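Quick setup: one chain, the form solved without the partner chain, written in C-alpha cells, and binding and motion questions come after.
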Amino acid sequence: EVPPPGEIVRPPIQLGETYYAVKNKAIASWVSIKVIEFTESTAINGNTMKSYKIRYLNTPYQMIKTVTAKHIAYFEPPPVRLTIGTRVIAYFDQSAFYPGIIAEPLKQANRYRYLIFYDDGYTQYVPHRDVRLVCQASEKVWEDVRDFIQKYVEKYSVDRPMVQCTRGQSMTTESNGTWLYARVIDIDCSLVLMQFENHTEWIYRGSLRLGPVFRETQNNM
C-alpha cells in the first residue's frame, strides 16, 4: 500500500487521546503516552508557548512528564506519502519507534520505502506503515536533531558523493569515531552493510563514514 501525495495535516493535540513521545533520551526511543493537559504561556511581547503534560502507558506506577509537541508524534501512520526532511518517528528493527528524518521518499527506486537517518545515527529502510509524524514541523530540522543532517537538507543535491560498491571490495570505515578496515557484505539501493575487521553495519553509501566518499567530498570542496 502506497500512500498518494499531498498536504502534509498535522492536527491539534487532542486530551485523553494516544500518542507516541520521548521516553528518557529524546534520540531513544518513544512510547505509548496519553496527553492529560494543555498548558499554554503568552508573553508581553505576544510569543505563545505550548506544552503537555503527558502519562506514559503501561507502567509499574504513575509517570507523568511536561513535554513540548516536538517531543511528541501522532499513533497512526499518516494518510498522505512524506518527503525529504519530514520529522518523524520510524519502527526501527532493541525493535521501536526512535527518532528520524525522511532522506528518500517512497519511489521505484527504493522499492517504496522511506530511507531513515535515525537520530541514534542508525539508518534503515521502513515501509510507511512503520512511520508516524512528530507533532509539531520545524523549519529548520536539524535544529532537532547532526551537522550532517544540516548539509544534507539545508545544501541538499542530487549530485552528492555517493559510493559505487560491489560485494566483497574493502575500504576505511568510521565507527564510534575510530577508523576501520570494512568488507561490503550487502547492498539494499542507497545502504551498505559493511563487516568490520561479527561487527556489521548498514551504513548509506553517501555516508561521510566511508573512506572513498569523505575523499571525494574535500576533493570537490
The other form holds:
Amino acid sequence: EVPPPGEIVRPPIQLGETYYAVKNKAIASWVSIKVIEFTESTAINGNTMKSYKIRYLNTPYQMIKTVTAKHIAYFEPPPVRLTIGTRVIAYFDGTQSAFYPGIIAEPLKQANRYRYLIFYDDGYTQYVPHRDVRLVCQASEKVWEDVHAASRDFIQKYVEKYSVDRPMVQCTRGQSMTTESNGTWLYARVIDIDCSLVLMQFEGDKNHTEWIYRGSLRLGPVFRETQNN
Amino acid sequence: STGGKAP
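To complete the pair, please output the form solved in complex with the partner chain; the form solved without the partner chain was given just before.
Up next: the whole complex, starting with the chain shown before.
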C-alpha cells in the first residue's frame, strides 16, 4: 500500500546482516552484501570515522571491499513514506534491471498516483512505487554532496533553492521543443506525458526517446522562461 | 542511456 508519514529512521548497520552496496562505480548498480567486519577510527580531535568490510553475496569467488555507510542501503523498503531530498537507491527495470542511487524528487501523492519521482545520480529520471526504494544508511546534511559530480549542481539547485513555483513546461502531445541531448540542442516532439515527466522523441531517430523532467533546462522553453526570470 | 538533468 501507501506507507504512512512518520520518522525516517537509520538504524546502525549490524554484523552478519544483508544490505545493498556499490558493486564497483558509485553511480552504477547496488547489489546484495553481508557486513562481515566493522572498523571504527578515532583521532585526537574527536571524530569517530566508521568503515565496513562487505562480502558480496551470490558471487563466483570471494569478493570483499571496504566502504562507508554512504555506500550501503537497507535491504527492506522503509516503513514510512519518504520526502524530497531523501537519498535512496531505487529499482530501475526499464521495460539491465537493478538498484541505482538517487534522490526523492517528489513525495507519494494523488497527483502522481503515489509514486516517487526519482532523479538518479546518472541523470536518468523515473516514477517508482514505494516498494522499489531503499534508504541509504547515511547521508550528508547537504544531500547533493553525496551525488555523483555529474548531477551535483542540478540536485543542489533543485533541493537547496527548491520552489514549488519553479518553471515547469506546459505541453500537449505533438508539440515540438528544442531539447538538449549529450551536449547537442536537437529538435524533439512530445510523445507522452506522465505527471512531471514528458516523453520526448528527437527528430534524428524515432527509437531515440527519453523521459525528461518538465522543469529541466534541457527543454528550450524552460531554459527560455528561466533566463527571463 | 541519458542526456542528464541539465544542459
